[PDB]
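Heads up, the chain below is alone and in the form deposited in one PDB entry; it's given as structure tokens.
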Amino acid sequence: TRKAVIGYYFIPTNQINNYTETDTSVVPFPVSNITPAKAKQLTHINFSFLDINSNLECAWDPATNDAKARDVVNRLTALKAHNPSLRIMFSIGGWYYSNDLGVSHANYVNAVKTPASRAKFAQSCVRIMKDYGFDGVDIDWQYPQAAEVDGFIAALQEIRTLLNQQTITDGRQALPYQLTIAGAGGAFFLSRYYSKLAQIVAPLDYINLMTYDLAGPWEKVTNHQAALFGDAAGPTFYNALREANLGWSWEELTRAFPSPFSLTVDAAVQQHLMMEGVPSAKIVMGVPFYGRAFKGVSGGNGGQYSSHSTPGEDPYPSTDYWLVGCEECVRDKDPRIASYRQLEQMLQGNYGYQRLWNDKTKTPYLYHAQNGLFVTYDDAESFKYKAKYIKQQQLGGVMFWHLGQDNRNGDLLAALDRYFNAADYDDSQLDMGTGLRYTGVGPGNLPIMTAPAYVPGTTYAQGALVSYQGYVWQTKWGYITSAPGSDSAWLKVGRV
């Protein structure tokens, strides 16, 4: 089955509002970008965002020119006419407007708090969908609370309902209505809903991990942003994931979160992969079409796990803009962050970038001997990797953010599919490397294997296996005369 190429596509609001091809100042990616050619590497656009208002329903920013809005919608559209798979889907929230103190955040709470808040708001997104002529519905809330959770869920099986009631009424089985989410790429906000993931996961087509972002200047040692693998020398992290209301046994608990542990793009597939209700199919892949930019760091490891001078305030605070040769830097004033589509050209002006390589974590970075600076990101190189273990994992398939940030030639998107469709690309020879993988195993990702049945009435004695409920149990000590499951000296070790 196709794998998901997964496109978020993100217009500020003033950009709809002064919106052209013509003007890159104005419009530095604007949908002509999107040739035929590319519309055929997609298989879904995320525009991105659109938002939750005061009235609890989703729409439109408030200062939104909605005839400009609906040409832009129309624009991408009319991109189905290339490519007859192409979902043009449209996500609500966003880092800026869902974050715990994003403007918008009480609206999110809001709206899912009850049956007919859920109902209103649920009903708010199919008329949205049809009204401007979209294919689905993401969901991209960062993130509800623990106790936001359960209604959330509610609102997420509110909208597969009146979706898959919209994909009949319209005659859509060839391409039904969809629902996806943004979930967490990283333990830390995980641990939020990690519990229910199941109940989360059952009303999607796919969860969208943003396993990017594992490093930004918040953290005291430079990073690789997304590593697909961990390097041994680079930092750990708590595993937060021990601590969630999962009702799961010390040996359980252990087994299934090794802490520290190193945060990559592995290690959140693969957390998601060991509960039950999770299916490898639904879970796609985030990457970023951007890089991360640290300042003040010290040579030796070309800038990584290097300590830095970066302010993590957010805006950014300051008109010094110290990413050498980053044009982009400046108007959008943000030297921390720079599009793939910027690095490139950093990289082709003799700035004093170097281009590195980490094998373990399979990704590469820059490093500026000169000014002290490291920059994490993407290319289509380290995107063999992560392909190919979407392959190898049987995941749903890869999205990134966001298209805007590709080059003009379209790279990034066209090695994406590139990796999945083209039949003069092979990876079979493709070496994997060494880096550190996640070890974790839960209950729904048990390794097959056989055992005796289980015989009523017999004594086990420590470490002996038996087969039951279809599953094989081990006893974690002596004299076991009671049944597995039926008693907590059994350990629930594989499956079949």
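Under this definition, the rigid core comprises the largest set of C-alpha atoms superposing within 1.5 Å between the forms. Numbering follows the first chain given and starts at 1. First, how it differs from the form deposited in another entry.
- Once both forms are overlaid on the rigid core, the distance between the two CA positions of residue 448 between these two forms is 2 angstroms or more.
- With the core held fixed between these two forms, residue 485 has its Cα displaced by at least 2 Å.
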The other form holds:
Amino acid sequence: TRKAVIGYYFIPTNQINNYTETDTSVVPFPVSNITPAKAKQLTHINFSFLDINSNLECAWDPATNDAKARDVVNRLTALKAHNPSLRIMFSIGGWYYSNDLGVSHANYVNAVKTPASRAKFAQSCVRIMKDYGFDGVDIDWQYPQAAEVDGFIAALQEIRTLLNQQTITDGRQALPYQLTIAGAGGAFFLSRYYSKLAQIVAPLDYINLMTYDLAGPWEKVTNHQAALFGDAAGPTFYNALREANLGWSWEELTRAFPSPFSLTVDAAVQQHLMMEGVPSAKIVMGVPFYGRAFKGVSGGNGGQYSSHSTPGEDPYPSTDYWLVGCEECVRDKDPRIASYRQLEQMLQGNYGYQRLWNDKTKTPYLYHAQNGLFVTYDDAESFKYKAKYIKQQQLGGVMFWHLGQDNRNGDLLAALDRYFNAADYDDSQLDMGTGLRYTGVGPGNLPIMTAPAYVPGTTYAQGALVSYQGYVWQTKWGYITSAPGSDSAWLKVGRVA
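Okay, that is the form deposited in one PDB entry; can I get the form deposited in another entry now?
Coming up is the bare chain, nothing alongside it.
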């Protein structure tokens, strides 16, 4: 089955309102930059972002010129003429609109509250989808928590019911309307809804993991923002999933959530697979088409794992643009982030950067010795390892943020497509390295084990193993005269064949 390749197309309201395909100082990335070749390389384009208004319905930002919005969407849906499998999805949410302190956060919480609100919200999503010509709905709430999760789940279920009926009504069985969400790619935010992952994923075609932004100026130590595997020399983090309302014992939590651990792409994927009922085929790995930069770093390890003097707040609080050669940073007023397009140009500009590679994390980084700069980013080489991981782990595919950040020729997208589909690419001998893998085991993903059946009336010593009611259990202490189950003395360690 073809791997999904989901690329975000993000355009701010002011660019839609002044949309033009002949002035990059107004619209840096017009839809006309997406050629038939690029369209064939994508399976989904996530148009972003729509929002939820105070009337608790899906809607465009009110300042949007509707005619111009339709025109932009039309340019994207016209790409389907070049690829019969391509879907132009629309995404509702994003950090700015939906974060806890975001401008529309209350609308997300309130829309999912009751059967009536969820029905009204769900119907609005399908109305918008049909009115503008989209092929599916993507929800990007960053992120629901606590009492909001059950409502969020019911909302997704309702949208799924409505989309499925719309597929039949429209005779779209060959290209059914889809439903996806962008999910947390790190344990801190993931802990908010982790316990109910199976219910969240059930109504979805895919859950697109935001496996990037795992490092940044807001952290005290420089690090790779999207390491595939861990580097013991790099920083480690508290495993927040140990605090999710799971109802597991101390041993169970400890075995499932080693801590401290390496915040990596592999960690997020494995944390999702640890939960029962989350299929690998629905998990999509996200990758960044941009890098993050730090200043005031020390040499020694190429700027890796160093203290730094980079402002961590937003917006960038200063007027000094210190990322040498990054003119894009000047225009966007932030020297802490840059598109791959720009980073690649900086590499061809003889500006003093050295491209280095970490063979444990399988990601590149730039080090500017002279000025004390470190940049963590991804490229066609790190994507070889990530694509092989997607294949080996049987994931659904890849997602990326965002199309406008690829170089002009679209090389990163072309690479992803090549690694999944080209007859002339062979990664059978690609060595995945010895970087740290996430090895937690959840009572939801126990290995097959074999042990003698439990015998009532028997007294068991510490560490004894027995099979009982479908699982293999181990004693945590001695003189056990109780049967396996809720009784504190027994630990579920495997599944009986």
